[PDB]
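Coming up is one lone chain in structure tokens, specifically the form deposited in one PDB entry.
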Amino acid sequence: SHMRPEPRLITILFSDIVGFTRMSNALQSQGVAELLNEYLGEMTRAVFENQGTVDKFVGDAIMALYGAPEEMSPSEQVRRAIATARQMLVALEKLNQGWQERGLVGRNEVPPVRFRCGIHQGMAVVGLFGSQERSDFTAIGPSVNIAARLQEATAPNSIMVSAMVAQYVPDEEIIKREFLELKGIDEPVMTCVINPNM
């Protein structure tokens, strides 16, 4: 027995390392693999400490859900998604320092690691998909695509969110408001780059 996935208001945080490919070539398998595992370990810790749920890892990208499976208020979803994003950036510093003092970065034209983060709140079909084995709890829908594309539209080490997220964010933490057209998304989105600090 299972539960039919259904529409639920959730918040999605999409993080993605900037140009991982280029360093996956500069560094070596063992280096790449270890840098990734440390990165993924720290980032997920951040998500977990903020009551978030790591939906999955898609390479060097992370998809975190807030409001599923555990219920969570709209404002709370956002507060935690942002706290998570801001906490990931602080952990990125320590990681780089460490990857620096090891040669994984800051040497051999391998710039220190940077990532993009997008946060969006909207409706999405959430639940178990696939088949009674390779079945997994995930979110399906346009809302998800918007988060991923906001991420690809923001500068390195910056956090971009949609208007639906910014409404719970203080004005003083808003760096820039923009009206962008995201790929695969017909209607333009009102976005805001938020301060990586509170």
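Basically, rigid core = biggest C-alpha set you can superpose within 1.5 Å across the two forms. Numbering follows the first chain given and starts at 1. Compared with the form deposited in another entry:
Core-superposed comparison between the two forms: among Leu9, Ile174, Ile185, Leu180, the single residue whose C-alpha moves by 2 Å or more is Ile185. Fitting the two forms on the rigid core leaves the C-alpha of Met43 displaced by under 2 angstroms between the two forms. Once both forms are overlaid on the rigid core, the distance between the two CA positions of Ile140 between the two forms is under 2 angstroms.
Here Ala68 does not count as shifted, since its C-alpha moves by less than 2 Å between the two forms after the core is aligned.
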Given for the second form:
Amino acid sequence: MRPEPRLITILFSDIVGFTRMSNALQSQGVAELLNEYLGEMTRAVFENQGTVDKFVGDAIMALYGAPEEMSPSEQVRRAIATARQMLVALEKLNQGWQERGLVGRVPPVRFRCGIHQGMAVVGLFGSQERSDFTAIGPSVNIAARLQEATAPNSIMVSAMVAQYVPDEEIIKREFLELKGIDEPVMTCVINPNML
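What I would like now is the form deposited in another entry, since the data block earlier showed the form deposited in one PDB entry; can you produce it?
What comes next is one chain alone, with no partners or other molecules.
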């Protein structure tokens, strides 16, 4: 539990289209959609042994390599799997909310995922009033920024991550001058399916 510098893999995944689609539905329905979603995303993380740090609205933050130790390679492999697995759950969901009037009648829901790996102080943070497990540092910023920057329905990763990823699975490369970062960063959109 106690905060410490460790090498971990952060995964952020947010959606775009929620608000507007539930725009119709009495909060009640809205809650039904969000939980459904969250229920899914969570499944993709736990099945791939990751840790669900937190939920920031419709955003999911997940860790790999903390609290439980995990090899930097297993970290990138499981962070990737979740991302692709999550992409499959939405399709499965968007398919159901479509056929149901919660979508299509309000564009279907879009997905944005960004993953990064690097050092980050990992521990319990907060105080007596409230204290949660989470990572903190420039590396967390990075992953997050990577996720806000990638195209809709895509997965973007840092070079640190891509080095574990087969070459032909990397769709597109590009340096991004991420806020607060001096050194522009090399980003990689990875194929959303595999090999």
